[PDB]
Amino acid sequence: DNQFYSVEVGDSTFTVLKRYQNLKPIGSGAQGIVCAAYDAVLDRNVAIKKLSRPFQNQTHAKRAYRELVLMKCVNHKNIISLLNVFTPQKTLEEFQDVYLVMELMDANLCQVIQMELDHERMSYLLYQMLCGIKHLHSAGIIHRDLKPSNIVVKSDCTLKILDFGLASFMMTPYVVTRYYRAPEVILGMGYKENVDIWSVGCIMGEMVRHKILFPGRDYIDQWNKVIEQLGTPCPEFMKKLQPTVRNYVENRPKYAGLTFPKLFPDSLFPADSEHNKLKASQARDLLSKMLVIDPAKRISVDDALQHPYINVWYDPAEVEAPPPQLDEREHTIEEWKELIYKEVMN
């Protein structure tokens, strides 16, 4: 008569509540494996993520605690909803894993990118991406690490964001994606709201070109790709770089920089229609404003939402929603356990 049960999913063991049946591994990230499942109580499918020993290290603990907290207080339509949280362990001493049960989407953005999208769907997706980033910002949150994988969508094309970004040693087997990070992040410069716009621009560009814009083994290569395409940033920008960094970027082989109609030609945009020819120019325009190295010259979230390519989905009921301690600390794996544990069970 145990409230839980166990099943082997892939390699790890998922121990979940009885209400959740027929588990199917729908994915795997860095902080856990995610299975889809049916919730006999709510009569619907859901996604369950297992946080195995989230307190094993500050990187994982900080991430877990933070996500657990913000996912319970924040409430938006474009930010994955938290249905239920639980732990098969009965006490703080036995405590080991944390199961996050959420609503089940249909696919990853990485999958959507691998396909041609009409201006209607491409713009609607970008609108939701910005609609949410809008809320996250109003909630005092600035992602700074948005990427295709952390964004999920349904078939009806509705879009939702999974995590809340950063706030860092990781002795693990798998890498981290840096392709969609902003220059101020790649070079460390201090950021602001529009630091996420850079990520959105990296995605929109990939939704079109169908290939990762600025790929790279290290930030060395990544920054190279940034200039090889956009060109070397104006001298007004370099005087904001750390003297040690400035000395590195300035003394780097220059570039004139390709124009946008070059980077994103019409071959990538479906402009067989008089209506498509227009939207294609508009899309190419929002891109030329989002993919701007200089933060001071980059388009804000609010402007990108007033852009003719996006505004065609506006609605004061969606974007305009009411926003809600200081979870940016430093403890030990035994404290983090206590913190996370008590957070799990209110």
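Positions refer to the first chain, counted from 1. We call the rigid core the largest set of C-alpha positions that still match within 1.5 Å between the two forms. What changes on going to the form deposited with its partner chain bound:
- Residue showing a CA shift of 2 Å or more between these two forms (rigid core superposed; candidates 151, 197, 126, 98): 98.
- With the core held fixed, residue 233 shows a CA shift below 2 Å between these two forms.
- Put the two forms on the same core and the Cα of residue 308 is off by less than 2 Å between these two forms.
- The Cα shift for residue 295 between these two forms, taken after rigid core superposition, is smaller than 2 angstroms.
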Given for the second form:
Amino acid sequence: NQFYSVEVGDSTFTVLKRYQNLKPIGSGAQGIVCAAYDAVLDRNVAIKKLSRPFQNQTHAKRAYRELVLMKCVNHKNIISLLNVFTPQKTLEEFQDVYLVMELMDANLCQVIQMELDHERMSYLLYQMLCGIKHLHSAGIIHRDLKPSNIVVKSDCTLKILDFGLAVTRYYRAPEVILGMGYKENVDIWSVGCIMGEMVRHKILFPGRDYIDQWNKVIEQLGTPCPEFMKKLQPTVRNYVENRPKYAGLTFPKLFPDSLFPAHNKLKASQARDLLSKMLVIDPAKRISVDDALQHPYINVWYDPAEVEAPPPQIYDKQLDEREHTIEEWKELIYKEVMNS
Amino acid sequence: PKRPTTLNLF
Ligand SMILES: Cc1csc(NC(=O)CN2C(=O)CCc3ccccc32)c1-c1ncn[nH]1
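Counterpart to the form deposited without its partner chain, namely the form deposited with its partner chain bound:
Entire complex below, previous chain first.
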């Protein structure tokens, strides 16, 4: 209806007038993101300007997926799209796409370094799991969970940003980092990387090449079982099979009482227990989302409304699948980018 | 069943 410009680095953000006080909160390959005041909601929001949405066919497919994925989901633990607009008034001059989302205070990078009692820890992890489960029910496996795309508010609420997906390696599941396939509990690995790191205040599995990432896995978790190592392509296996053979450090050693709110013992053994089940190299031995939510450490928080909530749509397995011209991707995206 | 209401982001 009416737009104005604000620079923002080398980029120009032309936005609806209701969005004011734009300042950069993050950037990368997806696009540049500002926090902004929304005059019409009297609330702060995040504006993302998509990075060259129509440079080529993968850029365009990625922008339409952002949008069709968003409008498969509606949950208190998932960042929702509030608005999308374009300053261009006709299909043929259309180029720029802005996504407007909920804003939070901070990512989990802050929080991992502080020192939480059990209810906050347990309550953050519970909200992470309700968000993850809602993604999975919609046909979305995230694969790229980590502290930086999990965002929080000073009222202790929490949302998961994109999905996944979309350097980032530390939190990626062994089935991923060894090119096996994956299913739903691939996100369970990552929750254990976050949780384990929340308790220990350092990255569970550092390095700097996958090579070194595998080292820290086995150094701490021991070498996996021989059967697991058959499932691996002859090439990954040869490598993996011929590394040093660790027994693993065990979970009491990795995460001793000294590291927790204490009795409170109980209690630490509940947290230790969940981690012993989440951080399991073999996805076939790893806890699922459901059992992690039914787990005594998380299950205190159980609400049917937050857990069993079905998604507005299950995501079209495929189309995923399906190509269009850049003229025909434009049409589909413009359609959304003024979709009322 | 009473959740935290605060998180020290300060
Ligand atoms: C798209 C998006 C929707 S919400 C959100 N960010 C947050 O909720 C938390 N958040 C960050 O994490 C980066 C640092 C920061 C500074 C000011 C305000 C919020 C944030 C983002 C975002 N933050 C960084 N990139 N993208």
